[PDB]
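In case you want the letters, here they are:
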Amino acid sequence: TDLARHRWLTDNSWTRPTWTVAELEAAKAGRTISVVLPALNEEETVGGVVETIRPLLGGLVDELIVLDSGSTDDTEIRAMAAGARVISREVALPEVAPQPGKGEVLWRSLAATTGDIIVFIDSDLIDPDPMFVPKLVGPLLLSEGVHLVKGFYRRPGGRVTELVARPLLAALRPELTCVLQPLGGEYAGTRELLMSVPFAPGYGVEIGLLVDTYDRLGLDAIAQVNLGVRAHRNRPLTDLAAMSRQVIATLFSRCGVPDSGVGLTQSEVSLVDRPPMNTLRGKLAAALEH
Amino acid sequence: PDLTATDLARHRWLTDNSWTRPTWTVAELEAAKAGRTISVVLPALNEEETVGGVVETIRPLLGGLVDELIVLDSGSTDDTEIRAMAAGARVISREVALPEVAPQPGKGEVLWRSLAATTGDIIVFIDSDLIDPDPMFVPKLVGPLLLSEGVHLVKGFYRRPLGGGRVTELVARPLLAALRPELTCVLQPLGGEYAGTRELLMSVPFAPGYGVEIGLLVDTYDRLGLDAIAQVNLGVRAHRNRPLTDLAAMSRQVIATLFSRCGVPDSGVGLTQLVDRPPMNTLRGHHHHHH
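Going down the list, the protein sequences come from chains B and A. Using the deposited numbering, the letters of the first sequence map in sequence onto residues 10 to 165, 177 to 286, 299 to 322. Using the deposited numbering, the letters of the second sequence map in sequence onto residues 5 to 166, 176 to 286, 303 to 314, 322 to 327.
Please keep in mind that the hints were generated in silico from the structure rather than gathered at the bench. You may find that some hints are simply not true.
To be verified - Here are some, though not all, of the chain A residues that point toward chain B, as calculated from beta-carbon distances under 7 Å:
#	residue
1	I268
2	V277
3	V282
4	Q286
Ideal Cβ placement from N, Cα and C applies to all residues, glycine included.
Please work from the sequences and hints to get the whole structure.
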């Protein structure tokens with residue numbers, strides 16, 4: 010079983026991706042790339058993240074969008090000044106009432122983008138690097154059969181990852197323990213995949229997408245790339261516990277484990305996915321099928 | 005957000021079954037024994053720096069409140085055993101505790117075997133790695149068993165300098190919220206200081222290793238519900254800081270043990286970087325779902 014994990018690391022994991030922007034542009038072969046940054050009250054960092062991606066716009070990157078979740082700070086104006094198009098949840102999907110959480114935002118962005126490849130990057134990153142998007146799309150553009158690329162960081177993967185996500189995957193989807201940072205917010209997917217899967221709510225969205233991709237398309241459809249060295253963030257334990265509880269709920273939903281829906285005396301828990309976007313945007317989805 | 009059924013049960017359970025100031029006297033607890041005896045068991049594996057200090061805090065109760073004080077050694081190669089002897093405990097190996105079954109590793113094994121080596125109607129477990137143990141731990145743990153009708157399991161919790178560690182708050186409590194939400198009322202489900210009746214403890218399987226504490230909690234709940242479980246504040250203690258690799262192994266076994274009790278299959282695949306023992310009443314020695 011380590012054999013399986015070893016072969017996947019050899020073929021589908023890159024600790025030192027060699028790719029240049031020019032090489033990746035030349036491999037697009039008519040595919041387009043959308044970059045989506047979810048954001049809720051991230052005025053201090055959103056501009057910095059956008060600025061690292063904007064030089065790619067009109068070359069490797071075809072669309073650069075911040076999907077705002079109802080910010081009351083200066084997230085929107087700062088994102089626009091840095092060169093992103095800012096799209097509210099309402100504009101993205103106007104006839105569906107918004108619900109809270111990160112998964113909602115990523116799901117809605119599927120209705121507001123046109124890329125054959127969609128790249129998600131968190132807007133709260135303090136130290137963004139311009140090669141994030143290139144590294145995330147490399148396996149999609151240059152390998153065959155890859156549909157989901159997970160960006161990981163080498164450390165000088178926190179406690180929810182090592183105490184909650186990885187041990188639960190060992191128990192319930194054992195091959196997926198090969199993924200170093202299953203909860204990471206920097207990842208890219210094909211339109212084919214992303215338009216066809218339900219989206220878990222809130223903090224469950226990443227693990228839900230990983231597990232659904234694994235089940236439907238298989239291990240070799242998942243890759244991972246090192247984006248560089250980054251220190252662990254230090255979120256308050258109460259935030260980490262709320263994240264954990266939702267990771268549990270989402271994994272339980274994907275396994276059919278009855279989850280009570282009871283949160284932590286503090299926490300938000302939802303067991304209800306949003307449906308595949310191709311059910312609500314069938315014509316958009318069909319237009320984007322190759 | 006209105007109160008949930010879990011919230012309502014928690015509120016009343018805390019009122020009836022939790023003590024922030026478990027101030028019973030040793031004398032009144034002794035007077036309440038009413039012929040019951042009390043055994044204290046310290047599981048130990050290579051704890052030479054601390055085992056004697058724990059024993060020393062309990063020894064004054066020996067011959068009064070406490071009838072026997074046993075260190076159940078798990079195969080130490082340091083001076084754990086002789087330090088426990090000099091400090092005034094009875095040292096019993098796994099093999100002497102239960103000669104007819106070959107040992108397997110882990111804490112749960114040690115606690116299970118201690119049921120065959122003890123005679124008390126109440127058994128108290130105290131970790132042997134405690135740095136600051138307080139002499140009132142045992143009195144506080146046995147109080148609800150001696151004085152409160154219907155209680156079979158007492159969990160000792162600590163206040164923290166100005176709840177649990179990372180495995181408790183990220184793994185155990187969130188999984189209980191999902192699978193057994195009434196049990197989220199227990200502040201420190203993974204705690205190593207707890208007491209139970211012989212009647213309860215002989216009747217449940219014992220999970221291996223790092224799963225033993227939460228396995229006992231869930232098996233007690235599944236048999237008797239919240240009414241049979243209590244908790245008591247043992248005092249203020251700083252969080253221990255264990256290495257992440259140990260915390261990850263603890264988490265993986267907590268998950269396995271919860272899954273085995275809650276109808277979830279488990280791959281058996283340990284962390285990418303041992304079975305339950307049957308009730309001791311199968312070897313030594322009502323709460324109806326119908327009407």
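Hints versus structure:
1. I268: 5 Å, holds
2. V277: Check passed: Cβ of A:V277 comes within 6 Å of chain B, closer than 7 Å.
3. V282: 4 Å, holds
4. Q286: 9 Å, violated
The structure shown violates just one earlier hint, number 4.
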